[PDB]
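Let's start with one chain on its own, the form deposited in one PDB entry, as C-alpha cells.
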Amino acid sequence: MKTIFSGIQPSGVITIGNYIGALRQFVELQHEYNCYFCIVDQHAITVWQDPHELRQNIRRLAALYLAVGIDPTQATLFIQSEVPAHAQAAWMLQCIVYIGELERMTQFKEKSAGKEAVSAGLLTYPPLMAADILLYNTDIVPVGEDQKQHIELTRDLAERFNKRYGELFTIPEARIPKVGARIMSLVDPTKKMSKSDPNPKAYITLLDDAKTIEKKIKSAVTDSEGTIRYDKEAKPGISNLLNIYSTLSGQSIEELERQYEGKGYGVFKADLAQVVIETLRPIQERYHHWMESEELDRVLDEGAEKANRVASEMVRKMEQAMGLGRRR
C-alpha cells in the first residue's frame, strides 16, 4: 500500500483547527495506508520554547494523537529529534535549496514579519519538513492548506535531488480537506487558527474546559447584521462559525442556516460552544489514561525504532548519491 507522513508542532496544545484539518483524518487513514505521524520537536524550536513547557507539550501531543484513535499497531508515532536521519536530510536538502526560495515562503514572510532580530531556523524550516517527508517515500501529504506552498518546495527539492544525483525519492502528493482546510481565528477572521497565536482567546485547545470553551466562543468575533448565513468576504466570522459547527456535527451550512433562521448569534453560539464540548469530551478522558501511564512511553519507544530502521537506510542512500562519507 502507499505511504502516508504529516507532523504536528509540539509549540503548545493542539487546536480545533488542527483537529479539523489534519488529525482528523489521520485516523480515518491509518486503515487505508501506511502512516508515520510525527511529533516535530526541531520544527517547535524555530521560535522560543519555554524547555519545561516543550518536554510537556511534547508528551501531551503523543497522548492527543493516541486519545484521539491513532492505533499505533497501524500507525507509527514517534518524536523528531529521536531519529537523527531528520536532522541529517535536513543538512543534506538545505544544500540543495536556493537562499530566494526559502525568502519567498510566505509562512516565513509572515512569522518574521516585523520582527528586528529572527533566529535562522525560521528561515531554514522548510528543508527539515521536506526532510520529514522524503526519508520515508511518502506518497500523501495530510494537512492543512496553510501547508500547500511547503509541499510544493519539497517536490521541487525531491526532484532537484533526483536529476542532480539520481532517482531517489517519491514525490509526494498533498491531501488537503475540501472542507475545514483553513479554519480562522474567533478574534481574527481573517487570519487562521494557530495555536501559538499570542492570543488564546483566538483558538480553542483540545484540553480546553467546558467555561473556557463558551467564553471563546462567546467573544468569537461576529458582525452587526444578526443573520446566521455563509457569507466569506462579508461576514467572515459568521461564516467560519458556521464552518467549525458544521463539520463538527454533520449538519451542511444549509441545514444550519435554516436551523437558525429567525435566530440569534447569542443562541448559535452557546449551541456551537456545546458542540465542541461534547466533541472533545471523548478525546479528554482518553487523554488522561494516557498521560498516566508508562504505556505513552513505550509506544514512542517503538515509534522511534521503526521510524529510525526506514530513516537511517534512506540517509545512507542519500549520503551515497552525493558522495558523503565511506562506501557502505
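Just so we're on the same page, rigid core means the largest C-alpha set that superposes within 1.5 Å between forms. Residue numbers count along the first chain shown, from 1. First, how it differs from the form deposited in another entry.
After superposition on the rigid core, the single residue among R175, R160, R182, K218 whose C-alpha moves by 2 Å or more between the two forms is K218. A displacement of less than 2 angstroms separates the C-alpha positions of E302 between the two forms, with the rigid core held in common. After superposition on the rigid core, displacement of the C-alpha of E261 between the two forms amounts to 2 Å or more. When the rigid core is held fixed, the Cα atom of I228 travels 2 angstroms or more between the two forms.
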Given for the second form:
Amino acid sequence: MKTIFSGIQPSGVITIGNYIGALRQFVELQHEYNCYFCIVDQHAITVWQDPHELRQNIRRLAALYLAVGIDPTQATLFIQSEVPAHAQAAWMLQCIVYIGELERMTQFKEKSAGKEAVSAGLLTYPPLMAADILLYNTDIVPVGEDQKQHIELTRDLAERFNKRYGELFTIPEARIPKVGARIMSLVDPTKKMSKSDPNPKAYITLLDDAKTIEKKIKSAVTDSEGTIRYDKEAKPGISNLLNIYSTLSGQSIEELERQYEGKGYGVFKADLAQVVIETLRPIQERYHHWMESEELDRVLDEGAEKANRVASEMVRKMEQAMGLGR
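What would you give as the form deposited in another entry, now that the form deposited in one PDB entry is on the page?
Single chain only below; no partners, no other molecules.
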C-alpha cells in the first residue's frame, strides 16, 4: 500500500485553514495508506519560541490531531525531534541543496521579509522538510497549496540524490484539495488565512467558542452584491466563505449557490457559523479529554517507536550511499 507523510508545526494558533487544507485529508486517507503524521517541533524553532509555550503547543497539537479523528491504529503520530533521523537526513540533504535554491523559497522570503538578522534555520527549513518526507519512502504528501513549492524542492533533492548516489528515494507527489487548498483571511480575503495574523478576526482557531465563531463569520468581509455566487476574482470574500461552507458541510459549491438563490449574506453567514460550530464542538470536547489523559503520551511514544524504526533504516541506506561512516 502507498505511503503518506504530512507535518504541522506546533503553534499558539491552529486554524480552520489547517483543518480544511490538511487535517481533513489526513482523516480521509488514513485507512487507505501507511501514514506518518508529524508534529514538526524542529521546524518550529526556526523562529524564536518560548520554551514552556512550545512544550504546551506540542501537546496541544497532538491532542488536536487525535481530536479530529487521526487513529493510532491506522497512522503513526509522532514528534519530529523524537526521531534523530530527521536531523541526520536534513544534514545530508543540506549538503546537496544549493544556496540559491533555498533563497528562492517564497516561504523563506515572506518569513524573512524586512528582517534584520535572519536566523539560519529559516533559510535551511526546506532540507529538513525534504528529509521529513523522504525518510519514509513517501508517495503522497497531503497539504494545502502553500506547501507546493517546498514539495517541488523535495522532488528536486530526491532526484539529485538518486542521480548522484544510486536510486534510493521514491519521488513524492503533493495531494492538494480541489476546494479549500488555500482558505483566505476573513478580514482580507485576498490574503491567506494565517496562524500568525496579528488580527484574531482573520482566522478561526480550532478552539474558538460559539460566540467567537459567530462574531468572526459575521464580520467576514464580503461585497455589495448580496449575491451568493462563487467568483474568486470579483467576490473573494463570499467565495472564500463558500469554500469553508462547502468543505465543512459536504455540500458542493453548486448546491450552496442554489440553496441560497435569492437570499442575503446575513442568513448565509448565520448558517455558516452554525456549520463551523457543529464541526468544532465535538473536536473541542475530544481535545480536552486528550489533554487530560496519560494516553496522549502513550500514543506519541508508540508513534516515535515506529517512526524511528523506519527512519533510522533509511538513514543507514543514505549514509551507505554517500559513503559516510563504515
